[PDB]
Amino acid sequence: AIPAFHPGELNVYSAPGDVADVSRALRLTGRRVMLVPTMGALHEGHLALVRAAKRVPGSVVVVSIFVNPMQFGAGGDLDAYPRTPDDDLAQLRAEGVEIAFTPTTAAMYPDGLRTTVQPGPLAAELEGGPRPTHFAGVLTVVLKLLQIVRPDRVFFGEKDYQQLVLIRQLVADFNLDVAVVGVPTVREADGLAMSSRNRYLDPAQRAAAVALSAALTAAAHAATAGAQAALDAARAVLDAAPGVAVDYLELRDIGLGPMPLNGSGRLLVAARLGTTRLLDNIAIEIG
């Protein structure tokens, strides 16, 4: 028997088998299953993905909420990760979402870490520098969510651009039959990319943090003058801010391969303000 599903209401399932059964039953009834993977503690950045999924005609939106231990580091603080279950579900209800998948760690990893996904070399670069096992954790849990839910489309934010690219690699490499949809980064009024981490910044740091987005947008417009001008413009803006320790500032092609001297690319930056690591990236057209 298929678990109960009440249309127009937020239906919450914790068991993988239950959401798999409902999802399959719904796809047979004329719905297109949209999957929005998250780790909860939802904000407007996450809701933008929700809205993108909801607009697809015939959509039934599945939002997964699961703090994935595998992507935290030997030094990542899993226990400290924000958990606001009640408020998250309230936001999903307000958004018209019909399915929330909230599994336990034991349900996702009943046999602990055994078979896992090993990403390509891109996983060791950029964010993979300080967190070399992070993306293996992300790809492993995303592959599982994709097999459990079997969505028609899965949504990821351009906020985590390297994550998005690695998911496209996972999908191509494993011949997965799902469409990956990237959603533009939601930003605060001054341009700061929305993140739960922004609240950790003190006033001086919050003002200095504007430099990441301002450096990227400056570079995007300086790009008519070439790659080097775009990079130098971005560095100049970051250099005008106090207490911003840049970990990297790199211009790559859109698939994160070598910096192009012409055409489309992506400029990515990561920096530390006190103990808070912030990231941002932007589309760049060279020339």
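Residue numbers count along the first chain shown, from 1. Only residues modelled in both forms are compared. Rigid core: the largest C-alpha set superposing within 1.5 Å between the two forms. What changes on going to the form deposited in another entry:
- Rigid-core fit between these two forms: of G76, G96, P110, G120, the one residue whose Cα shifts 2 angstroms or more is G76.
- After superposition on the rigid core, the Cα of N262 moves by 2 Å or more between these two forms.
- Against the superposed rigid core, the consecutive-residue runs (3 or more long) showing CA movement of at least 2 Å between these two forms span 74 to 76, 258 to 262.
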Second form
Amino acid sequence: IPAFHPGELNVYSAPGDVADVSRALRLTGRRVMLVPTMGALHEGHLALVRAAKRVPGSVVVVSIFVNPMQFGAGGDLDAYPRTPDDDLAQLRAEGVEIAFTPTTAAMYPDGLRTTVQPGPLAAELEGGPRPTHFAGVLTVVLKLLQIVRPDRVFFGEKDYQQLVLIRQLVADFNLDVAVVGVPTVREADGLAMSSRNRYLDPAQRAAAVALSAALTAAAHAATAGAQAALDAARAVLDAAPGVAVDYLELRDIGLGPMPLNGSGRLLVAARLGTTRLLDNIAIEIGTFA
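Now that we've seen the form deposited in one PDB entry, could you pull up the form deposited in another entry?
Chain alone follows, minus partners and molecules.
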């Protein structure tokens, strides 16, 4: 097995290197925590890392891999922010002991061949116009889970549909891993952290606060019912300059095929110029609020 220096940041590229280090550590009693990222790390990722570090005796593995198989288009792949120098420095600052940074060739030596086919949830919301997008995400996440074999894996709640689908993958394939959702870290005005916030110009940045403002307005309006909660969110989005709403949807917490009851999740997707932003919040309807 490769060298592993405790208390230091150890960087592995070969899947076999991280797998052997991981297994060795699990056998010596350390619980392995996985934080899978596409790099370009911000405070929301550091929140994921901090949550993983809280687990007694853990060793934290952060993966950084921009997965070509979840991009469609159209230069989306080429466009994705890459800032690997900032990434490793932050990990060192947080005392993470393993970074896993595989090559595309090591992840996909045979190209795309066997893949994960998500359930019907993957065709709706974000997946409506991107029909293979979530097959790309679940295939890579399955691979990462098999390579690292973590006890727990950590995701932000901001991409909530993705989180739900990952929980489905875990249940549906009997994966022996705990999925931990971490609440979305926000800028001080409530804007959800995101890699893509860097694409907002000053005016778009100012308008973008409408997404989180609409969602919290809805969560408080919801004592008056679902209609009022949705109408409040819609009004705030409507008042915002140059915000173009894609969808604004209220669903059950698992995102359907069940009607909303007392507790739910309100999801919004909107374009500012060319930048697509997503956010969501827990909603309690009526009495539960």
